[PDB]
Amino acid sequence: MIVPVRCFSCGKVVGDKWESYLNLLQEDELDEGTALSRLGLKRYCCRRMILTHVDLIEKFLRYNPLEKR
Amino acid sequence: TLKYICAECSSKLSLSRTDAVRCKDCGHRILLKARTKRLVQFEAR
Amino acid sequence: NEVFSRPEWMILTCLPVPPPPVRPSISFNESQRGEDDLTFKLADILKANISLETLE
Amino acid sequence: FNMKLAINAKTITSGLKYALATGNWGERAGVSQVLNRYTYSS
Amino acid sequence: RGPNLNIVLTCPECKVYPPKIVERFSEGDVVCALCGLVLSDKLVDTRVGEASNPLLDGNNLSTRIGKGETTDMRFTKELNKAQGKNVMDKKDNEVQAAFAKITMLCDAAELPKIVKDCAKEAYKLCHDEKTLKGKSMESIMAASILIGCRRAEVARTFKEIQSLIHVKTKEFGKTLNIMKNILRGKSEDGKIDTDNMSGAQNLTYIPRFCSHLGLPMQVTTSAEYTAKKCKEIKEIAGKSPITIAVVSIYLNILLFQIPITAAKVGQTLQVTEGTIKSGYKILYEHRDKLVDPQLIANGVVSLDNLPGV
Amino acid sequence: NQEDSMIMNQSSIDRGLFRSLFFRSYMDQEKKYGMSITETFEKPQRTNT
Amino acid sequence: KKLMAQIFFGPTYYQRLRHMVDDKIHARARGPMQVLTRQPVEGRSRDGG
Ligand SMILES: [Zn+2]
Ligand SMILES: [Zn+2]
Ligand SMILES: [Zn+2]
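Chains as they are written, first to last, in PDB author numbering: chain A, 1 to 69; chain B, 26 to 70; chain C, 225 to 280; chain D, 442 to 468, 476 to 490; chain E, 14 to 59, 78 to 221, 224 to 342; chain F, 834 to 882; chain G, 1079 to 1127.
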C-alpha cells in the first residue's frame, strides 16, 4: 500500500527513494531503468522493490475521513 | 458518556440507552463507535 | 417362528412410543424450543387415532 | 372493493427476494451465489 | 403439587452451599471452582428438529401432506380431504385463519415483522373471551393491529388503519377500549404498557407526515420541536394530535419557504384547510415560543419569514 | 523443501514479505421475542445474569 | 564454500493462498458431545473431534 522501508532480500533502505523515483520519471524525462540506477539501486533485488511497487495509498486518501477533528 | 460518530457527516454524538440510533444533524442511521481514549501498546516486530 | 415372529404380529395393534432420548427436543438459542420430527409425526398419530376413535 | 387490499405487493417483493436470496428458482438450485470477494481476479 | 425431579450439582468434598461452579464448555466438564473435583462429565451442547414459537401458536404439532419425488394425485387429494375432516384441529384453525388474514393485512401496508408478531399475540391473548363475542372480526383485527403498532413505537392513526380495514369508528373505539382492559386484566394476573402506550404520542407521527410531503430532515426536526413546545398553550393542547402535528408542520413549511400550498398539504394528509388556517391563527400568536432558539440564533430561519395576518 | 515444500528467508519475512491483514466481522441483533420477551445490549453482572 | 553446482536464480511472482495452518491445527482430548448420538461434536470451531 505504501513504499516498503527496507528491501526484502538484503535490507537496504528503499523507503526514502519513492519520491525521488517519481520525480526522475516526471521531471527528468528518464526511463525507469536509468532512474533506478541513478538512485543507487544496483542489485536487482532492490530494483524490483521500487520498480514493481503499487501506491494504493493514493486511492485510499480519496475517501473522506471517517472521523474528522 | 459514550460518544458516537455519524457515518455520513462525521458529527460526534452522545447517545444513551433510551436515545434513538440516528444522527440529529443530517439524519443518517449509521453510527461508528468512537476510538477508545486508552493507550494501546504495540510491538514493532 | 412360533415364539419370535408370528404372522398375526406383522399387523400393528399397539404402537410402542420411543422415549425422549430417541427423539430429543433441540434448542437453537435456549429461548426457543424445537421438537424432533418423530414427535411431530407421533402427535399426528395421536390426533388421527383420537379422531378415528371419536368418529366410530 | 379496496384496491389497496386487492393488490398484494408482498407477492412480487418476496417472490423476487426469495429466488435471489437463495438459489431456488421457483415459487433449479445454485442459480444465485454469494459473490466471491477474496481478490479482484476472483 | 408434583414430584421434585430436580438435579442440583454440589461438591461432596467442599459441601459449601451454594457452590461455585464453572462450566468448561471446551473440555466438556463441570468442575468445582474450589477443589477442582469434576462433578459431571460428557455434557452436551445447548436438520432433525424444528423450532416453533409457543407464544403465537402454543402447543400445536401438525404436519402437512404434499407431493414427493413420486406420488399420485389420487392419494394426495384424498389424504388432504381426510386431514380437513378433523374436529380437534377445527377450533385452532379459526385462530390460525385469523393469523393468516392479519399477516396479509399487515403485509399489504408495509409494516415491520415486529408489528404483525405483536398483533398476532394480541389477538390470541384477547381471543376466546366472553366480552369479545358481539363484535365484527374486522374490528378485532384492526384493534389488534393498532395495539401492535403502538407496542413497536410506530403507532399509526385511526384513519390510517381505517383505510385498509373498514370498520366504523364507534365499533373501533369500543373494541380498542375493551382490548386494552383485557390486557390490563391479564397483566395483573401475572408488562403491557409504557410511556408509548399513551394515546397522543404526537412525536411519532411527525417523521412520517413530513416524509409524505418530501420535506428535508432539517424541517422535520424544527417541526418536532414546535410540536413538543406546542403543548404549553392551553388553546391548542386540547386539540387533536393530528391537527397539532399538521399545523405545526404547516408553520415550519412557511418558515423555510417551501413552495407547497395548504391546498395540497390538507389534500395529502386529509385535513380541512380551514382547520389548518384556523389553528394557524391561534398558533401564530405564540410563534416566538414555537421556534427553536438554536435555529434562529444560527440564522438559518428568521421569525420575519413567517407571513402575518 | 522436499516433496512440494519450500524454504523461506526469515529475514525477508521479518521485513514484511508476504505479510497480510485479516478482518473478521461479528454480527448480532437485538431480538424482540414477541411482546413480553425482549433483548438488550448490556454488560451483564455475575449477580444478576 | 562454493556450491559445486550452479543455481538457477532470479525473481518470480509468488502468491500467498488462503490456507494457513493456524486455521487448521486443532486437537481434542475431551469435549462437548452431540445431543442425539452422544458422540464428539463436528467442527474445528466447536472443539469437535
Ligand atoms: Zn536489495
Ligand atoms: Zn450525520
Ligand atoms: Zn469442591
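Honestly, the hints are just simulated from the structure, not real lab data. A couple of the hints might just be wrong.
In silico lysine-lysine, DSSO-like type, Cα no more than 27 angstroms apart, as pairs [what the hints assert, rightly or not]:
no.: 1; chain 1: F; residue 1: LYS865; chain 2: E; residue 2: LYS224
no.: 2; chain 1: E; residue 1: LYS164; chain 2: E; residue 2: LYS112
no.: 3; chain 1: F; residue 1: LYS864; chain 2: E; residue 2: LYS211
Going through the numbered hints above, which ones does this structure break? Give me the numbers in ascending order. As far as the earlier hints go, only 2 is violated by this structure.
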